[PDB]
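Student: Next come the chains, spelled out residue by residue.
There are 2 protein chains.
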Amino acid sequence: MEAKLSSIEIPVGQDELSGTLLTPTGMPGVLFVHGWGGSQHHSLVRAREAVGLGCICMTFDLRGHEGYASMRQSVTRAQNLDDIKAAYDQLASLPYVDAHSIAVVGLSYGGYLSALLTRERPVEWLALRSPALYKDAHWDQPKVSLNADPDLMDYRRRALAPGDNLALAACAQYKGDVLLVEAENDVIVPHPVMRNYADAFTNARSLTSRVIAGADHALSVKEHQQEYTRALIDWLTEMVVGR
Amino acid sequence: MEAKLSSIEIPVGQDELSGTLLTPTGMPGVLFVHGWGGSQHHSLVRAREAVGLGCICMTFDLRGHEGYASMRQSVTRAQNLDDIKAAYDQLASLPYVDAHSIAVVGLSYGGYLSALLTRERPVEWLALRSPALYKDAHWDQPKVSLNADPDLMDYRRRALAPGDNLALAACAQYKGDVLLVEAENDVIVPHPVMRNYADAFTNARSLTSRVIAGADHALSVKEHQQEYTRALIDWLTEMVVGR
Ligand SMILES: [Cl-]
Ligand SMILES: [Cl-]
Numbered sequence: 001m002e003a004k005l006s007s008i009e010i011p012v013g014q015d016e017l018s019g020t021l022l023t024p025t026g027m028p029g030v031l032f033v034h035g036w037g038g039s040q041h042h043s044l045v046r047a048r049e050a051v052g053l054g055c056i057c058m059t060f061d062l063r064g065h066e067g068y069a070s071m072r073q074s075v076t077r078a079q080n081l082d083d084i085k086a087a088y089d090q091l092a093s094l095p096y097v098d099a100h101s102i103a104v105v106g107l108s109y110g111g112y113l114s115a116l117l118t119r120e121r122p123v124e125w126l127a128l129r130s131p132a133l134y135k136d137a138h139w140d141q142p143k144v145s146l147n148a149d150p151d152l153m154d155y156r157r158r159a160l161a162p163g164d165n166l167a168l169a170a171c172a173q174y175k176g177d178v179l180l181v182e183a184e185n186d187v188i189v190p191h192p193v194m195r196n197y198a199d200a201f202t203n204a205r206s207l208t209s210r211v212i213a214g215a216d217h218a219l220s221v222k223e224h225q226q227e228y229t230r231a232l233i234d235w236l237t238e239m240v241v242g243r
Numbered sequence: 001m002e003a004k005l006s007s008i009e010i011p012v013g014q015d016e017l018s019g020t021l022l023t024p025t026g027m028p029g030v031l032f033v034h035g036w037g038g039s040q041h042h043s044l045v046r047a048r049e050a051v052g053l054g055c056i057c058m059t060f061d062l063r064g065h066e067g068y069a070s071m072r073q074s075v076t077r078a079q080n081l082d083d084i085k086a087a088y089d090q091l092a093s094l095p096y097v098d099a100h101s102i103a104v105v106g107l108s109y110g111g112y113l114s115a116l117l118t119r120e121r122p123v124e125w126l127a128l129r130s131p132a133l134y135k136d137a138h139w140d141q142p143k144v145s146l147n148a149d150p151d152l153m154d155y156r157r158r159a160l161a162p163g164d165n166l167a168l169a170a171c172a173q174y175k176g177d178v179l180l181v182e183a184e185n186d187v188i189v190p191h192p193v194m195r196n197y198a199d200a201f202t203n204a205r206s207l208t209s210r211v212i213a214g215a216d217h218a219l220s221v222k223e224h225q226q227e228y229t230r231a232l233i234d235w236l237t238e239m240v241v242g243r
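From first to last, the protein sequence lines stand for chains A and A'. A prime marks a further copy of an entry chain.
Using the entry's author numbering, read the first sequence as starting at 1 and increasing by one per residue.
Using the entry's author numbering, read the second sequence as starting at 1 and increasing by one per residue.
Chain A with its partners taken away, still in its complex shape:
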C-alpha cells in the first residue's frame, strides 16, 4: 500500500517546525452502478465494507431516478452510459485513487451498461450482479420502451453470441477479472442471460461465478442480500489484496 509524503509546518510559539505527513494514496477505487428503479443508497453497506479493504468508493443516482425521477420515461441508454462515464471520470481523477485500479460493480440495467463501460474506460475488475440484456436496436430510445417490447422475455431466454449483442461483444473484448453473481430463481434476469455472459467472457484474466441459492432478482431475503455482500467482498479482497 502506497503513501503520500506532504511537507507541513507545525507551529509552536514564535517558531514553526518543519514536518512530513504521510497519508494513503494510489488506492483502488470502486464504482457502484444501480439497477433500474434503484438509487445510490442500495450499495452503501457494501461501499462501506469496501472502504474497509482500503478503497475509495462512489455511488450515485442514475438519471431518470431520484433528483431526476422526472426523466424516468425519457432517459436513453446513451444518457445513462454518459452518467457512468461521468462518475467513473470523477472517481479516477481523484489524487488518492489509482486510475489504473478501478472496480466497477453493476446491477441489472446498471450491469449491462457497466459491461459496455469497459469498451470505453479502463476497468481492472468488473463485478456484475444479474446484468440485464436488451436488443442493440434503438440506442436513443427511452429505456422504458425496451421493456415495452413483449419479446424481451424471449430474448433473455435465448442463447446469444457476442456477435448478436453489443454488451456481450464488450465482454469478449474484456481482459480484466470478472465476478458474476446470479439469483437462482430470478424471473427478470434468468439463467440464460447469465449463461450468455459467462460464455462471452472468454478473454478475462479470470471468471468467478457465485449463484445465490433460491434468491430472487431483488435478493429480497435478508440472508441472500448478505450472501452477495460476502461474495463481493471476498472477491474484492482477493482481487485487491493481490496488489
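By construction, these hints were calculated from the structure, which means they are not laboratory data.
Here a beta-carbon is modelled for each residue, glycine too, at the ideal position from N, C-alpha and C.
Wrong hints could be hidden among the right ones.
Label-pair distances were calculated between CB atoms; the ranges are [claimed, not checked]: (1) A:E120 x A':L44: 36 to 42 Å; (2) A:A172 x A':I233: 40 to 46 Å; (3) A':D216 x A:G242: 35 to 41 Å; (4) A':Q73 x A:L5: 29 to 35 Å; (5) A':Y96 x A:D216: 56 to 62 Å; (6) A':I233 x A:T202: 41 to 47 Å; (7) A':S7 x A:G214: 32 to 38 Å; (8) A':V221 x A:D199: 57 to 63 Å; (9) A':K4 x A:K222: 24 to 30 Å; (10) A:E2 x A':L152: 54 to 60 Å; (11) A':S209 x A:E2: 29 to 35 Å; (12) A:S74 x A':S7: 22 to 28 Å.
Assemble the complex: chain A is given as a structure, and chain A' with the ligands must be docked to it using the hints.
Tutor: Structure of chain A' with the ligands alone, referenced to chain A:
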C-alpha cells in the same frame, strides 16, 4: 475500518447528478519523535510501512535540529516537549484521524520526552527505542548541558524507581500498550536504563520487549536497522489490527 460519506455532484451535460464518495476516516495516527542529532527523515521508511497498515503518520524536526540547527546549544527539554505536543495536536486534530488512537514512536532523547508526553496527552500505544534518561534537575537548562555532566554515565548505569525520575514516574502512570526495543551492545543507553523503564511500566495494558542482538545505539548494521522495522511494524499490526 470506518468510512466517511460525502455527498458530491457529478456533472454530465446540462445536468448534475447526486452521489456519495466513501473515504477512510477515524484512522489511527502514528507520531515519530527522533533522537538528538537526528531528523524527521530517519523514520520515513517506517512511517511508510505504517501507512501500509492503514495509518496516518507524521515525522518532524525537533528544534535545535535542521531548520533550527541554530538552537542546538540553547534548546531546553521544555521547548522540545512543546514541539512534541505541537506535532501531536496537529496530528490528532486531523479529521480523518481518531484522536483516541495515536501511537507515539520515540528514539533516545525523543523516547524520554515521549514517555513524558503521555502524562499530558492521550497515547494509546507507546513504542520506545533505547529511550534516554536524564536527571530531573535543571528542566530549563540547555539539553546539551545535561550531557556536559560527566555523572550522566553513572546515572544511566544505576537502578532508579519511578520516584527518582519524572520520566519513570510517567510510565508508572501509563496505561496504554508499550513496546520497548533495545540494542544489545548500546553504550549510550545501556541495559540498566531499559531495566528501569521496563520495571516502571507496571500499569500498561501490555509490555512487549525486543532486544536486537549485537546492535549498537545507531543500529548501524543494516540487518539490525531492519530487525527494528520488523519489530515495530509487527507490534503496530498487532496493536492496531486488534481494532
Ligand atoms: Cl425474481
Ligand atoms: Cl552504542
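Student: None of the hints should be skipped; say for each whether it holds.
Tutor: The hints, checked one at a time:
1. A:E120 x A':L44: 36 to 42 Å: Between A:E120 and A':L44, where Cβ atoms are some 40 Å apart, the hint holds.
2. A:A172 x A':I233: 40 to 46 Å: holds (45 Å)
3. A':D216 x A:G242: 35 to 41 Å: Holds: the Cβ-Cβ distance is about 40 Å, inside 35 to 41 Å.
4. A':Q73 x A:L5: 29 to 35 Å: holds (30 Å)
5. A':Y96 x A:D216: 56 to 62 Å: Distance hint for A':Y96, A:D216 is violated at roughly 39 Å.
6. A':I233 x A:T202: 41 to 47 Å: holds (42 Å)
7. A':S7 x A:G214: 32 to 38 Å: Since the Cβ atoms of A':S7 and A:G214 sit about 36 Å apart, the hinted range of 32 to 38 Å holds.
8. A':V221 x A:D199: 57 to 63 Å: Cβ of A':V221 to Cβ of A:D199: about 59 Å, so the range 57 to 63 Å holds.
9. A':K4 x A:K222: 24 to 30 Å: holds (27 Å)
10. A:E2 x A':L152: 54 to 60 Å: violated (43 Å)
11. A':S209 x A:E2: 29 to 35 Å: Cβ of A':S209 to Cβ of A:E2: about 32 Å, so the range 29 to 35 Å holds.
12. A:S74 x A':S7: 22 to 28 Å: The hint (22 to 28 Å, Cβ to Cβ) holds, given that A:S74 and A':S7 are roughly 25 Å apart.
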